[PDB]
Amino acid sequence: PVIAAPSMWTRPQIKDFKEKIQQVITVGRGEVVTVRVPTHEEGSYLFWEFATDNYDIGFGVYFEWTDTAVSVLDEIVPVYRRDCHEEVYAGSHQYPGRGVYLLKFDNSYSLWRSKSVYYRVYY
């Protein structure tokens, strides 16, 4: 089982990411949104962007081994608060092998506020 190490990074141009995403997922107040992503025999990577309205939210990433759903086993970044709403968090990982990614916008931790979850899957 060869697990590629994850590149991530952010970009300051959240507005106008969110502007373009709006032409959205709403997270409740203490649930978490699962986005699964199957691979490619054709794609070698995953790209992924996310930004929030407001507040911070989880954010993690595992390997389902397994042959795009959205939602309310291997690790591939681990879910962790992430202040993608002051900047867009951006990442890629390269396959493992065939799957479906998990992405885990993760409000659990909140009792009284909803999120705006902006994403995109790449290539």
The other form holds:
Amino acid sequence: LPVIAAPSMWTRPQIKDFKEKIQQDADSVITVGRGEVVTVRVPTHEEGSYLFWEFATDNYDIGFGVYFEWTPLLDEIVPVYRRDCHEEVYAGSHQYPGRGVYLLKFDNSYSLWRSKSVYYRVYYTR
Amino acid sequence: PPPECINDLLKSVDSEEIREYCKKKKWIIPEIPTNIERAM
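For comparison with the form deposited without the partner chain, produce the structure of the form deposited with the partner chain bound.
Entire complex below, previous chain first.
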């Protein structure tokens, strides 16, 4: 079967620059309600190698994970876990296993009282 | 511009500057998501 390459993840200290840049270019800021899971679907491009993602939050942590949907099978790429992306920007990358759709899950399920503001950015290489 | 090397860069040195430059050279192409789903 297809062997799935391991994702890469890291962080960069400048949070304020990221959120500043996001608001400028477009308005895409996901507001995740209380007990909600937002899933951003990001398909693979016919000629493309990797998907790069970035995300950050304002006042609070949030759950993040990455799944891959084939061409409904699901591979788990980054298992869903809580990140402190309010302190720093969180980034990562993964190589295409094949033709399919990436599911970026922003998981607030645990939080009873608190909505989360999510700034995110996505890229791909060729 | 090999994909694997673009990754080692951004890991080690990451900023808006590197991102915009990598956008300039079309090493990284801005992505457009399709659907954004909401569940409880």
